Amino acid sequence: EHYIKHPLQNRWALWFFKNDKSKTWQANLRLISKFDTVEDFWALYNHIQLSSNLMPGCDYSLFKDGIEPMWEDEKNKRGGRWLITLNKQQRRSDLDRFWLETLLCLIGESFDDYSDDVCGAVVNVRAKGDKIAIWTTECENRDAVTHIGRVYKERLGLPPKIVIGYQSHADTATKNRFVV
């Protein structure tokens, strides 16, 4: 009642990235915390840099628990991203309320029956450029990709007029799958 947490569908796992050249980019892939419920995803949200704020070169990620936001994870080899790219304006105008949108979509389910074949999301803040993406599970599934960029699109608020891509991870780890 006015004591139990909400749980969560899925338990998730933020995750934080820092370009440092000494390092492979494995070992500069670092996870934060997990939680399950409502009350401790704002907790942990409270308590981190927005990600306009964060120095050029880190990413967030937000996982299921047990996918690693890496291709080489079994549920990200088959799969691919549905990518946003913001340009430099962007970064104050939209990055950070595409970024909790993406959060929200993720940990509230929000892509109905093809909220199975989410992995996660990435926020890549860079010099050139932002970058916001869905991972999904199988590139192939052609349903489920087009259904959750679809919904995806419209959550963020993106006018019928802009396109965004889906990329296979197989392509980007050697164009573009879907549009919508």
The other form holds:
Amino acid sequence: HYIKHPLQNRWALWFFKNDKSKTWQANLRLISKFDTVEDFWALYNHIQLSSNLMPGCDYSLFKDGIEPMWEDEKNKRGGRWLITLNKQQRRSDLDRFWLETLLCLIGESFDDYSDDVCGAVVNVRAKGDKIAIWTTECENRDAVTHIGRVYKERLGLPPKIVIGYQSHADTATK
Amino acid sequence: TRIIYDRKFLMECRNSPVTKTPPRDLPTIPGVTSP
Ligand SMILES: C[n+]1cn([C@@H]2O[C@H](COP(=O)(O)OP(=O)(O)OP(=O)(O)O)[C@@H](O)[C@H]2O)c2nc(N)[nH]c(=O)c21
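Moving from the form solved without its partner chain, what structure would you give for the form solved in complex with its partner chain?
Following is the full complex, with the preceding chain placed first.
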């Protein structure tokens, strides 16, 4: 006897399996979709912590209909607010920051500019784990700025962890 | 108008009884999911 609380958006959780035989897109896999708070927690409570993913693997949470790749119409001209962690920060902060990121997404924490958010991505990597929020238009400087500011506040980033914005066009070049 | 939730409320919902059952068609991905 419970009424679930609906989210503004329906979301999809993706997993990326590091298989070097296969193409990047072919390693991408849909786990599940949800559109209530309680379904979010039901999913979260039955998946692995990011810090325990195999090296080279990712989680992505994206709005329904947006694939977690540069090529998607909604990401093409977009970009990301990115933080990179070192090795001790995997243990102490990765899982905390990822969950905080997820709550920013589903809770629509960026006011009107929440419509500019496409999703978020966590990359578990030997060289240093990465968390990012993907936004739809790198040129919407107001949206980008506000999202970045609020996101940095909600994460509670210490100054030793810098947060930076880059367009996917530049990433896909380098 | 937009449905917005702050952190404290989202966290309180985690205790709900509906969050203790996995999603119905959760796939089997050993090490990643617990269906
Ligand atoms: C997010 N993304 C990652 N890849 C591929 O996987 C590679 C690794 O990208 P990465 O996001 O996994 O970073 P990584 O830490 O592994 O290494 P880095 O490039 O030095 O930062 C990319 O260079 C692409 O070949 C991608 N390839 C395509 N076609 N589209 C994407 O959106 C995409």
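The term rigid core refers to the most C-alpha atoms you can superpose between the two forms while keeping them within 1.5 Å. Residue numbers count along the first chain shown, from 1.
The Cα shift for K161 between these two forms, taken after rigid core superposition, is 2 angstroms or larger.
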